[PDB]
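Note sheet for the following structure.
Omission of a single protein chain aside, the complex is shown with its protein chains in their original locations.
Residue numbering begins at 1 within each chain, and the chains themselves are lettered A, B and C in the order written.
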Amino acid sequence: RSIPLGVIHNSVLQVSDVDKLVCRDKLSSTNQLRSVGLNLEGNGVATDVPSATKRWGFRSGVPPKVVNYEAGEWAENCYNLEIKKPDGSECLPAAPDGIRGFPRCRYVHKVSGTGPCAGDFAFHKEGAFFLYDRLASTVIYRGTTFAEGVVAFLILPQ
Amino acid sequence: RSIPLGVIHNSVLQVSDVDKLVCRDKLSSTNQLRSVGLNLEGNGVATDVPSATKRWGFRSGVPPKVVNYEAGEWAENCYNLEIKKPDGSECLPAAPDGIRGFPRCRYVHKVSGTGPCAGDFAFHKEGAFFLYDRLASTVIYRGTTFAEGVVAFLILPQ
Amino acid sequence: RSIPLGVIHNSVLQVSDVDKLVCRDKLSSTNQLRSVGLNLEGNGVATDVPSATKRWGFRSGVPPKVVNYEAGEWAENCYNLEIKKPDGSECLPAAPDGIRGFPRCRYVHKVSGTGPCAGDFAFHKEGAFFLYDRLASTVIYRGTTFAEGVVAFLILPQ
Partner (left out) sequence: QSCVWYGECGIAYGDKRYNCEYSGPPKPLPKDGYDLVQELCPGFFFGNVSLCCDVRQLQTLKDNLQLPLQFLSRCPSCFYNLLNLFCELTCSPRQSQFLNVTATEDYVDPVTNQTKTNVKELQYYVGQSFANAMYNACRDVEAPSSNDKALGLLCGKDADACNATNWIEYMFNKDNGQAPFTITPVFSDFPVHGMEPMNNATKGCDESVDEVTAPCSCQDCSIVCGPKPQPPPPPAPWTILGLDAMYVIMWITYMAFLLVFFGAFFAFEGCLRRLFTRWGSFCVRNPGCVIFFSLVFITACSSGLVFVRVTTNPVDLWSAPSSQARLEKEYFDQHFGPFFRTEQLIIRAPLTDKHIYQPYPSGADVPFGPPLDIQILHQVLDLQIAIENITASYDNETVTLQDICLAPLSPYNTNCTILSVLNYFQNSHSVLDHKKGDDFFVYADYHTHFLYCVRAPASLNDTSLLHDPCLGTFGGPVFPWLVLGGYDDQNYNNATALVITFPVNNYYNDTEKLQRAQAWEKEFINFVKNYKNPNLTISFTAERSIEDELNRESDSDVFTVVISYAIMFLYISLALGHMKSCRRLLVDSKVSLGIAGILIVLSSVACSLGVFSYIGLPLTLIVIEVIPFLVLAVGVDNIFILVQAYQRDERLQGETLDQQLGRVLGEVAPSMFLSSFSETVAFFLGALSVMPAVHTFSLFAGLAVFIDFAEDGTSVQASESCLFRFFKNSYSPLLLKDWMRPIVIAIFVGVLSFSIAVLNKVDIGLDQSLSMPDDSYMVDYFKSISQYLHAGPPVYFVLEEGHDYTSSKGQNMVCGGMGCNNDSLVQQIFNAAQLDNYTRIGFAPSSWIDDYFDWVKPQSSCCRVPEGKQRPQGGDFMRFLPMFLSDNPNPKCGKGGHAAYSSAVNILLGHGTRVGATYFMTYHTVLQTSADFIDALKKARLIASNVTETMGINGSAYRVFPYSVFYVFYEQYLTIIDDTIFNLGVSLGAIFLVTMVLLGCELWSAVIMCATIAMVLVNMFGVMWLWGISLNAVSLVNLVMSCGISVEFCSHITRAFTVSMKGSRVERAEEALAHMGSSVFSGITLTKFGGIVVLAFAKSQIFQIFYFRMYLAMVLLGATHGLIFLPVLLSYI
C-alpha cells in the first residue's frame, strides 16, 4: 500500500522509500523530486493497430484517473484513435482541457472508423497508463496521441 | 478562524489542534490524517420530501464549494432531486465530473417534478453539507444521490 | 529559475527566499504566507481602450495558465471585452468555472464588437497578468472584468 520512491546517487538506483531513507540521505529541496514516464514498446510488443488493441479493452463503472509526470522518452510508436459507435455518436471521450498529445513520437498510428464500443472507457489490460503530454491517464481520449507507459518517482542529487 | 482537528489515542477524543498538539503527540506519517463525513438524520429530522426541503433553500450570488472526505456512514435516508423551472429548463446544475451519488443508502427519496427555483443554487439552511461520494458540497446537484452531513478532521494512531 | 519571496518585519522589505532565510527568521504558520496582486496603471499607461489594447495580442499554440492570489488593490480602470470573429462566432473563450470579474473597479471599460481575432488566445505583450477575482490568468476571458497586474509572494509577521 505504498508507492516506491527511487533514490539515486551517482548511479546507485536503490528502490527505497522514506520507510528507509537513511538519516544520511539528503533531501534539501522539493526540486530534487521528479516523476518520470517510461514507454512500453520494443520486442514482443506488437505495433500494428489490430495487434495493439489486444492490449486494451472497454469497461464501465470505473471512473478515469489522471496523474502528472515531468519527463519521458522518445517513442518509436504512438497511437491516435477516433471511433464512432454503431449509431454514429462518439465512442471515446474528448480530451479534457489541458490534455495534449504525447510530445515526442517517431511515428503515429493515426486511425479512425467505427466499432462496437462495449463500454464507457477504454483501459489498459496490463494495467499500464496511456501517456499524454506530461499527464498519464488510465483511459484513452478521442483523437489524442498517446504512448503506452508507466511512471516512476525519483529523488535526484543536489 | 481555525478548523478543529480531532486527536485520538485509544478512545481519548480531545478536540485539539496544532495550536496545542503536545511535544509528545506523534504525527509520523500523513497516512494518520483522515477526514470523515457524518450524517445528520434521526429523531427530530423529518424524512418525507415536503418536510425535508424546509432544511434547504435557493440563493444567488454565492459560488458553490466542494471539499473531499475519506470515510462516512451508512445513511437510512438519502435524497435524489430533479427539478424543472416553470419554463421547462433545468433548475439544478448537473453533477460536475467525478461527483457521484452517496455510496451507502438504505433508502433513496428519488423524486422529480417542477418548482419555482427562486435562485441559482440550493443550499443547506443549517449550514450543513450535501454529502456525495467522498465529496461534500455546499450545493444540491441534479439527479445525484446525497446524504445531509458534516465533516471532521482527525489524527489517527500509528 | 526561482520565484522570489518577500520578507517583511515592521517595514523591512527584503527580497529574499529560503535560499537565504536566516536561521533567525520565523515561519511558524502557513497563515504567514500571502500572495498579492498589484495593478499596472497610472502615468504613461494608456488608460483609454485604443491605447490599452496595444499591450495585448493574439497568439496560438500557447495553453492558458492560471495562478491564485489572495489580495489586491482598487483599480481605477478595468476592462471587460466581448468580441465576435468575422464569421460571427466567439473570439474570446468563456470564463472558466469559478473565474469572476476583478472585484474592485472604479470604472469598467465594457465594450463589445467584432474583430480579426488572429489567434486562439489574447495575451499580455509585456508579460503581465490579467487579474480576475483572486485568480490571475495569462489570458483574456469573454465578458469578464479584469485589471492588468502582477503577483508577489510574501512572508508576513506572526
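The rule we apply is simple: contacts are C-beta pairs under 8 Å (C-beta built on N, C-alpha and C of every residue); 3 or more make two chains touch, one makes a residue touch a chain.
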{"item": "From C:14, C:29, C:31 or C:112, residue that would touch the chain that is not displayed", "value": "C:112"}
{"item": "Residue in contact with the excluded chain [from C:49, C:71 or C:156]", "value": "C:49"}
{"item": "On chain C, residues whose C-beta touches the chain left out of the figure", "value": "49-50, 52-54, 56-58, 81-82, 84, 88, 107, 111-115"}
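The working rule: only the chains that are shown with their structure count from here on.
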{"item": "Separation of chain A from chain B, taking each centre as the mean of its C-alpha atoms, in whole Å", "value": "34"}
